[PDB]
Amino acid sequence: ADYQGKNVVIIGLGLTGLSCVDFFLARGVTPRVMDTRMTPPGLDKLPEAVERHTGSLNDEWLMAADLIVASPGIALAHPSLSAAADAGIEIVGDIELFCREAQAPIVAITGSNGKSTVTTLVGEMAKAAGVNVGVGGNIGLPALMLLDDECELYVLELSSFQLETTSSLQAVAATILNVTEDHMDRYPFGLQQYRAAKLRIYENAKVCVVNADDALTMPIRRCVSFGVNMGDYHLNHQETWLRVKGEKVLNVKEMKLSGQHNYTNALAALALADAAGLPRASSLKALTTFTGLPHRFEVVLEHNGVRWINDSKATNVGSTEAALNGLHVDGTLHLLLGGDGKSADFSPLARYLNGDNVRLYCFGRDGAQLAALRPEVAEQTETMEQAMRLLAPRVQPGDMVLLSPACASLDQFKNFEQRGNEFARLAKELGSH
């Protein structure tokens, strides 16, 4: 694509908004930037020659634009964007701009849970094969920061929000790992509308990879499948093995990751890597070396008979359910829940919270709603720190402390990483004498 002479408006700063700014400048186009936040991240990094408008949208700028580059963090349904669309003004996001330029095949991964794990895994499979790979998108570096004509493969995590503004993706391999309720604050037509956004990832994909166990991951109108008991890629319990069409490929005792949902993450990653043409041996090797992502069921302290686990990356109900389903606790589970629940129904969690060995410590915007899952075993505080200091004295040898909050952190924190980092610091303070 050619942007010379166009009036370009970018909505949303941050590293992504900045990567869009840098993208245009390097192409001889000075964009203008707006953000609904008064002091958006990276404002101080924004070059002085770039005009900016913060604290609201600017309809004069939007309606004058030839191209609007919209952060995934702003709804296309926002009246100002709806007005621009009605006017025939083209709206894209960073992923769209990237796809128009990329000169290597793209593996594209979305889903409500497991997408960063599968993304990072496919990256490691490529690295083990000696492929120059760029890994990022919705995690790590924004996609435009990966663009390099020496890159031989791109592996992108894409959110439902990014997908809504992307039209030119033709993935070599694409998957929706699963679809469970999330982002309902952005999808007023409910679960099918959210699903529709993710289904975009399959458009013009060379191979589609679906979850045999989740019908919502399948196109409305074959794909390769992965699953637990069925699928082209499936599990065999003997010990557990990864299998491809009846052939054993890996005894999961060689994996550092554990738990059934990580075994299906492994299958999804292998299916994508196979479709991308990566050698099978090096892909299997990566499965054995990968240790996990920070904030993803991460043991931050195991001391004095107590495991403290940072699962701050659990920003939705289905992710917290993945941590709880099949969870082994010797003594009492001390579960930290809270933040901005994005209008989620938390009741699917209730079935894991029965018995004499669970306590709930509920905080942030939706703390009262979370406490209400089982009031008799729940405490509510304003902050996660308060919750930690409340629970710490009650922790006994055999117990587990688990931050798996089922909510976005954005009511009280910059992001789930800062929430995880704060938890870890507090765990280390409170978990020794």
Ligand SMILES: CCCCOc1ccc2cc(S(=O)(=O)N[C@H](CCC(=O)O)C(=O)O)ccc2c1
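Residues that one form lacks are left out of the comparison. Numbering follows the first chain given and starts at 1. In this text, rigid core is short for the largest set of C-alphas that superpose within 1.5 Å between two forms. Compared with the form deposited without this ligand:
- In a two-body description of the motion between these two forms, residues are grouped by which rigid part superposes their C-alpha better; on this basis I68 shares a group with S159.
- A two-part rigid-body description fits the chain between these two forms; in it the smaller part is rotated by 48 degrees against the larger.
- Once the rigid core is aligned, the segments that move between these two forms, defined as three or more consecutive common residues whose C-alpha shifts all reach 2 Å, run 74 to 77, 295 to 431.
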Second form
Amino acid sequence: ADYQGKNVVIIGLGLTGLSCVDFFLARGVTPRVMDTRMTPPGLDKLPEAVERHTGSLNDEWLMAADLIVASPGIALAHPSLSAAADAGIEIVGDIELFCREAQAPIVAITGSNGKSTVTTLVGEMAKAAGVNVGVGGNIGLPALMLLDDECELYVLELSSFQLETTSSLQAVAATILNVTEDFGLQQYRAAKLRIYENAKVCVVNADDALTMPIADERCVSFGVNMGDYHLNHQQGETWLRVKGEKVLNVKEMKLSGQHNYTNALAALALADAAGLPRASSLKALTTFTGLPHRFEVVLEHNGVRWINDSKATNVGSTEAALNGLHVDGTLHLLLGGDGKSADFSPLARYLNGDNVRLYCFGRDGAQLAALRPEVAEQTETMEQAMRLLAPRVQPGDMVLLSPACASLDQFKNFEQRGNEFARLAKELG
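Show the form deposited without this ligand, please, because up to now only the form deposited with this ligand bound has appeared in this conversation.
The text that comes after this line covers the one chain and nothing more.
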């Protein structure tokens, strides 16, 4: 709240640390700053009035501080911070400084997968409602840079390290989307579970027990077959259901696949919990086009929809895409890149019944192609397949780039593979 006259030191010269430096100068406080790296990226932007230390942690500076603002990350485990901690010196992170200062409600989101899409979705839901929403945190802009007296709602993506140094978060709605197998999960999960303390509503995953406040709160839940928000398949259609009532035929959304339907359900629940109008939140679900390379619809013309799912660099990812994949006509699935000797058999079950076409390429193209040589087709590069499927597509079709494999034998990173795909789709399309 008031930091005047406090000796404050910041650990971290990246954008978060710079954001904190700005935060204290704005309040008449010249903090000190350090970074283990010898040349941190941020050193270049510091006001000369602030003292800085690089290449290590200045212990003298830590031990003498009244407040230590640590940047989230493995740095939180550094023995120097722990001694300062053992000496009773207050340690907080930017999210903690943010919560003490925020004058609008916060929707807090954490998870091991999908967190970015969900956080973006809720933002989209806010915008569709005409609300001045600030979205960021562990993604986009550092929370402190969102502080604005005119902001009407904050949507933050929080990581485990951030939650570890946060204690005054009082989220209007909070969720741990999922806790997957990527220190010890017990401390990982305990970190994530603090997103629920003092949360007005808790949104949990009905299909992942680790996302639950061990109920101890009576939480709202989303899931595939069960929960307050869940999927329903009846009478040849799949619907999103809320408290038993149908609220949206999945077909009205642009994002398809189970994964995306649970994401939609989770954002819907958080949006409802935050008090946004249901109809404007539903509206956003029909217009959302996706984050870069994540079931991103780069182009929708001549009745065909072109989806860039490059991020899908493994069978599990491509499987989240296919399962529940809605396509009126034919799916021209683009499989490619280096699979690192992986079992594609799980994909096969999603490629039957005459309305499918594979266009395999890259290093392991032969193999995926084999996943069903019948409807397959093989090339060395992705641009071939593009020009090879373009004359074949007609209205109702979807062109999908869900590699199920890595990108290196011909691309810098999946962002290169996807950027191209978008480019090629521009003309090809």
